[PDB]
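Here's a solo chain for you in structure tokens, the form deposited in one PDB entry.
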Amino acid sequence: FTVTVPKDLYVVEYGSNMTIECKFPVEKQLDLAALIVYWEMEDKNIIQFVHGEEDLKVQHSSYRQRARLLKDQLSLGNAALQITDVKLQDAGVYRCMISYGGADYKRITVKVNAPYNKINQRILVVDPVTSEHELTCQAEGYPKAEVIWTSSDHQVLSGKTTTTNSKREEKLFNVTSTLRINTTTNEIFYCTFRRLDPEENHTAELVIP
């Protein structure tokens, strides 16, 4: 009896719905009474399915409401663990242990990527007599990122950046930056969320109405 995995590594976007799979042999019908499936991540228990009975009390608190074993796949010889709304906390080494006419286990590494992809912007008129505007860019990601403001002609402009931890997940950062500039209509501005080694940049375009 041999347990197999399609992917031994999953790289998942933060907030995504991820399903990691372990395949095991099934012949014609599935004897639910002879099936044992466990899903765990390092020291945390996720799934305990023995002889067609799933215990929920065994599941770790961090996974409640988000993790489930897709029992429809079991018929097809697939122990599929679905985790919805993936957190940074879900990064780690998963392991499935299966018993169905013999026993085996496989390990899956999961890496969670939290880019500053969803940039929220706000353009406000501070004083129309002097055409002063206040521009704001805010995004959450991991690790910390600096905000860089650039003019239409790509010259850097001084802003005020505040970095705190996200309320959604303690590891995640909430970075907000504000630029105050006397500017006219239809001008284009850029706010860049720079994160280092590996260097990754996320820029939002802001147009003054």
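Residue numbers count along the first chain shown, from 1. Compared with the form deposited in another entry:
Rigid-part membership between these two forms: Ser152 and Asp104 are split apart, as judged by which of the two superpositions better fits each C-alpha.
Between-form comparison between these two forms gives a rotation of 24° for the smaller rigid part, taken against the larger part from C-alpha superpositions.
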Contents of the next structure:
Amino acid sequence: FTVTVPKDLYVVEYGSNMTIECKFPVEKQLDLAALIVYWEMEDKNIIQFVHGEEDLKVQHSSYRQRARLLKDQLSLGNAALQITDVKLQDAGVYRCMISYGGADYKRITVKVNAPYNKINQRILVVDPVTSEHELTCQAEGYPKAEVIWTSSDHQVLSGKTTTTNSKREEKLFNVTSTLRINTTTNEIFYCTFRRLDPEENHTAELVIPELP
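What would you give as the form deposited in another entry, now that the form deposited in one PDB entry is on the page?
The text that comes after this line covers the one chain and nothing more.
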């Protein structure tokens, strides 16, 4: 008898839902009476499954509707912990304990990523006589990122970027950047949010519009 794990290191996304899993030997039928399932992180109880029911009375109160176990996976020999609305505090080492005619446990480490993938954009036509436009891209994440502006044939362009702490989540950063350039309907430009260690890129395409 041994509790098994498909992977001991997960990297999940900020604000998303996540599923960690522990597998254990199930010879045909499930006898729910013999079954203990237990999950915790950093000493706090996330889930306790006994007599085939979730024991919500004991769930550390910094959960509530955050955490549940996928009841259907059990019959399969899969204790599957789902957590909704992933916060940065959720990163750390988790433990799953399982008793079912033998006992064992496992440890899974969880990393939370806050990428710059929700990019808000806007174009302002500043002066149509000269065709000068102002392009702005902004997004929040961690850690601090630069913005690189490029033309459709990939020349790096000269911008202005402003970094502050986010007002929504305090641990995140806010990054806006502005490019000022003379240009015409249907031209394409790229703003790329880049962070390092390890390198990660997210970029929006901006199309110069035609206004009356």
